[PDB]
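Could you put the whole structure together from the sequences, leaning on the hints where they help?
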Amino acid sequence: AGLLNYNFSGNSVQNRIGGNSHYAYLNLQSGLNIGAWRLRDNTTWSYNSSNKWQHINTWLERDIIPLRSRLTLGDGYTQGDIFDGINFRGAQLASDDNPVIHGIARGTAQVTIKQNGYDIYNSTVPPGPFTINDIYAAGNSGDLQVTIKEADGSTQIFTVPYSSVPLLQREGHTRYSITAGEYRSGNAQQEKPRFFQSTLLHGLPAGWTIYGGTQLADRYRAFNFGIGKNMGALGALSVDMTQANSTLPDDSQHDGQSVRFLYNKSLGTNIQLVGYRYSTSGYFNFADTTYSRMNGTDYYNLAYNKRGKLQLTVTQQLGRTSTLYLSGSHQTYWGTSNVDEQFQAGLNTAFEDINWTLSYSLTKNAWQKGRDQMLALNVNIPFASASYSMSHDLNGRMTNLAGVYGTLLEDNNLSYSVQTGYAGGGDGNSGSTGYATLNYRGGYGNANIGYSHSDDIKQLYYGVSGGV
Amino acid sequence: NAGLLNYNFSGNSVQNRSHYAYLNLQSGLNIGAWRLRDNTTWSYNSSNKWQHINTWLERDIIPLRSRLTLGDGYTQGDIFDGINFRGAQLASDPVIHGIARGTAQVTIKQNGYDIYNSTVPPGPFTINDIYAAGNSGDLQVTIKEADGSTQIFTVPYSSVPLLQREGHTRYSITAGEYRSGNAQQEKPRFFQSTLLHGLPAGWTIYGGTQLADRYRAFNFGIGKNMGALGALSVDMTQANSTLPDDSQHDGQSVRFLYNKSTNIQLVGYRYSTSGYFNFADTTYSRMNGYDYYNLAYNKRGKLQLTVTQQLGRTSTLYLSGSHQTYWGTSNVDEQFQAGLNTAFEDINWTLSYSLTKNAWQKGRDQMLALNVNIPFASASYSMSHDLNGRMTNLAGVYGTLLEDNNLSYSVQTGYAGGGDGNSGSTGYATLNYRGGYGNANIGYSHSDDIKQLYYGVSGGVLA
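Quick note, the sequences are listed as chains A and B, same order. Just so we're aligned: the first sequence equals residues 139 to 188, 196 to 243, 254 to 422, 426 to 454, 471 to 557, 572 to 656 in the authors' numbering. Just so we're aligned: the second sequence equals residues 138 to 154, 159 to 188, 196 to 241, 254 to 421, 427 to 455, 472 to 557, 572 to 658 in the authors' numbering.
Calculated from the structure, these hints are not laboratory results. Please note that a few of the clues may not be correct.
The calculated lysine-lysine pairs, modelled on DSSO-like cross-linking and capped at a C-alpha distance of 27 angstroms, are [stated by the list, open to error]:
1) A:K197 x B:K304
2) A:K304 x B:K197
3) B:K269 x B:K538
Taking CB as the label site, the calculated pair distances span [stated by the list, open to error]:
4) B:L626 x A:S573: 54 to 60 angstroms
5) A:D241 x B:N617: 51 to 57 angstroms
6) B:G493 x A:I210: 49 to 55 angstroms
7) B:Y639 x A:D241: 49 to 55 angstroms
8) A:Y331 x B:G308: 50 to 56 angstroms
9) B:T587 x A:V652: 50 to 56 angstroms
10) B:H160 x A:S407: 51 to 57 angstroms
The beta carbon of each residue, even a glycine, is placed where N, CA and C say it ideally should be.
If you want it as structure tokens, here you go:
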């Protein structure tokens with residue numbers, strides 16, 4: 139049986155001065171079955187008219210039952226549970242065992268998520284808080300750089316790190332992954348070099364788990380050694396150390412060490431995750447060695479490497495009505511006092527009388543110093573059956589106000605929301621901004637279309653997402 | 138209650154002393174009474197563009213016993229020459257043949273719209289699985305060789321006599337703008353309404369009218385079903401046309417049609438006067454390069486022939502030809518396709534002939550092909580020869596199937612030369628499969644100069 143899943147997004151913006159442009163994106167996935175051999179392919183088409198195809202993953206896998214493993218051939222990706230997740234081109238013999256992004260938009264913004272240089276998700280978003288959920292990242296092991304391009308007041312860029320749960324294994328169970336080939340990047344700044352990566356996980360009695368890994372290259376050597384216990388009550392803890400001997404593009408030899416801590420809490427929904435990784439001055443990843451020293471946003475420099483990485487992802491259930499999420503990350507670098515901070519907090523209350531939702535977004539990157547603090551508040555009051577909406581946005585030194593209605597038609601599937609209000613605040617002048625959207629969701633055969641207008645900018649977007 | 142869809146993928150990568162990708166999809170959506178039908182063609186060249201052909205939503209009105217399509221559709225080419233349109237229509241409730261020298265990609269396109277793209281192995285090739293979008297006008301098929309050689313031959317749609325019962329009354333009234341497809345054509349509005357009647361003793365009569373800003377036409381005809389002799393249909397057309405400029409013209413066109421009785430017979434002859442012009446011709450603007474056309478030298482006499490004869494259990498013979506004459510010019514447009522085939526488990530003989538000639542071209546393209554297969572764990576030693584106007588080809592090894600039933604393959608190698616230039620060594624190995632309609636074929640070809648690798652995925656989903 140063959141399966142396919144696509145995600146289309148096309149917007150045509152029209153404004154004065156001559157900034158009118160048309161952009162279209164298509165995130166398609168294709169799966170083919172020709173007798174045990176499972177072919178999987180993921181390609182992204184990007185178009186910007188101020196037109197290139199981008200291949201991410203194309204592999205052909207075979208499941209081996211007698212050995213409890215699966216052998217994949219071609220363009221695939223490695224699991225980033227022990228080391229940093231990397232894309233490859235070759236073969237992988239791994240045992241066949243076994254992210255949500257939050258943010259607030261100013262107005263009509265273009266959601267663009269990129270992982271490993273590859274463009275994975277593209278969509279258009281109305282002002283306020285948004286949740287994605289539907290995206291399946293190709294090469295889901297590394298960090299995800301998500302940027303929302305606004306019209307005119309163009310941007311806020313922030314990267315979301317790979318969330319990892321403490322490495323736990325059942326007693327007697329062994330999970331291994333051996334791969335050999337060359338390093339794939341997709342991003343036009345890296346080299347492709349041959350490597351050999353082999354990881355191992357073993358379950359120990361009394362909830363303990365021993366795990367290690369080795370990734371050898373022509374220019375890079377690493378070793379891992381770690382333990383992880385399962386308590387259940389109070390959650391789980393996992394500690395691992397990594398030794399790395401890396402030679403940079405300038406042939407400079409470096410000795411590096413990195414300690415890693417992972418914490419979890421037992422599972426309404428009460429997910430808790432605290433992760434801390436501290437790296438030395440001479441510590442570099444496998445991706446760091448493959449580079450051209452300097453290029454150039472998305473600016474990299476090997477002189478300022480990663481130091482301390484704090485992560486926090488907590489969820490609290492304050493009754494059936496109230497749901498609170500709090501996700502945060504912090505990154506420090508050697509040399510400069512610049513840091514990378516990403517913080518998302520959403521507080522929600524939903525029941526058959528009124529709908530309250532408070533949202534907070536704190537984004538701070540290096541080289542910019544400036545931090546974007548966003549406060550969002552949406553109030554929905556249900557009453572043929574309509575629902576009155578009240579949305580307010582506060583970003584930095586600018587404000588946005590709106591108050592109107594929005595409900596669903598055709599029993600359940602069809603939905604419409606025609607917003608109106610004023611937008612202005614800090615830059616430019618105080619004008620009036622309003623939009624109208626139409627979305628139809630069948631058996632995962634979605635089709636959305638919207639029209640937006642301000643005092644100078646006009647938007648017209650369309651999107652189709654279908655999965656078989 | 139289902140959305141059925143039918144796809145046709147074709148990818149080809151070349152490496153010589159570029160990569161191509163083509164997709165042909167037929168989308169269908171059925172909820173309640175409305176039927177959303179879509180036809181889109183995707184193309185990719187690496188020396196990317198989207199092209200839609202038909203996108204409409206149709207409702208079956210049962211009390212009046214008529215369909216109601218809205219959007220982008222096509223008119224039925226039974227009385228007038230069928231055209232693609234954007235608007236509304238209230239209507240009541254072909255295999256191609258060719259010969260290729262080497263591994264070449266074949267592009268079939270009608271009325272400007274690209275409908276089918278696939279690469280085929282050397283020798284006589286048959287598609288059979290083509291789904292022509294806007295199936296009414298003439299079909300144009302181009303075969304781009306490894307050498308940059310194109311064999312263009314226009315074999316039109318097979319025209320059948322109009323048949324109706326006794327109590328049946330077929331009608332179709334359409335109104336909207338003419339969809340061009342290709343460039344160099346304008347966008348005018350039209351109104352077209354046809355009617356057909358069926359009477360006793362095999363007779364039927366039909367009429368039709370076309371009205372536009374710069375085009376007027378009216379037509380009527382008679383048809384007869386004779387059984388043993390087959391079917392005969394004669395109709396007359398008068399059309400007032402004003403051209404791209406401002407000159408006004410008027411003509412009468414007569415169309416004769418014949419069918420008899427596998428033994429499928431088809432003869433269609435259409436003779437037109439000097440002042441007669443089609444609705445598609447008026448949309449143009451004079452004359453243009455790139472598909473050459475000249476309205477000063479309009480179509481005169483069209484002779485279409487499609488015959489098939491069964492000589493026995495072993496032998497099959499088919500002939501498909503079309504001949505066109507023009508006013509004020511002695512030059513003739515000729516297309517011809519002949520094919521003999523004999524197979525009876527012991528030996529396989531197949532002959533193929535192709536004759537192509539255009540109005541703006543001086544030299545003809547006479548092609549002759551011959552394939553001899555000798556069957557024998573099971574194997575079949577195959578041969579092939581390609582011979583044309585001052586050029587020759589030689590290749591043969593074997594071609595058989597593994598796993599049985601569906602998975603079949605063919606590996607051939609030989610020396611190709613010909614004439615204009617020099618001779619070289621060629622060879623190709625291809626795999627093919629059809630288990631469960633949703634199939635994929637893998638092909639590899641090598642030569643002394645050009646190396647090719649291609650794959651095609653054709654399938655059809657339902658539910």
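Review point. Given a hinted range of 49 to 55 angstroms, is it respected by the beta-carbon distance of B:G493 and A:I210?
Key: 53 angstroms, holds
Review point. Within a Cα-Cα threshold of 27 angstroms, do B:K269 and B:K538 meet the stated pairing?
Key: 18 angstroms, holds
Point to revise | Hint check for A:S573 and B:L626 - Cβ pair distance inside 54 to 60 angstroms | key: 59 angstroms, holds
Review point. Has the hinted range 50 to 56 angstroms been met by the Cβ atoms of B:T587 and A:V652?
Key: 52 angstroms, holds
**Study point:** Whether the CB-CB distance between A:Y331 and B:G308 falls inside 50 to 56 angstroms
**Key:** The hinted range 50 to 56 angstroms holds for A:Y331 and B:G308, with Cβ atoms some 53 angstroms apart.
Point to revise | Hint check for A:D241 and B:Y639 - Cβ pair distance inside 49 to 55 angstroms | key: 32 angstroms, violated
Review point. Given the hint that A:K304 pairs with B:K197, does the C-alpha gap stay at or below 27 angstroms?
Key: Distance of about 26 angstroms is within 27 angstroms: holds.
Practice item. Given the hint of 51 to 57 angstroms, check if B:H160 and A:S407 actually sit that far apart at their C-beta atoms. Key: 40 angstroms, violated
Practice item. Determine whether the Cβ-Cβ distance between A:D241 and B:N617 falls within the hinted range of 51 to 57 angstroms. Key: 55 angstroms, holds
Practice item. For the pair supplied as a hint, A:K197 and B:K304, confirm whether the alpha-carbon distance does not exceed 27 angstroms. Key: 25 angstroms, holds
In the structure shown, a violation is registered for the earlier hints numbered 7 and 10, in ascending order.
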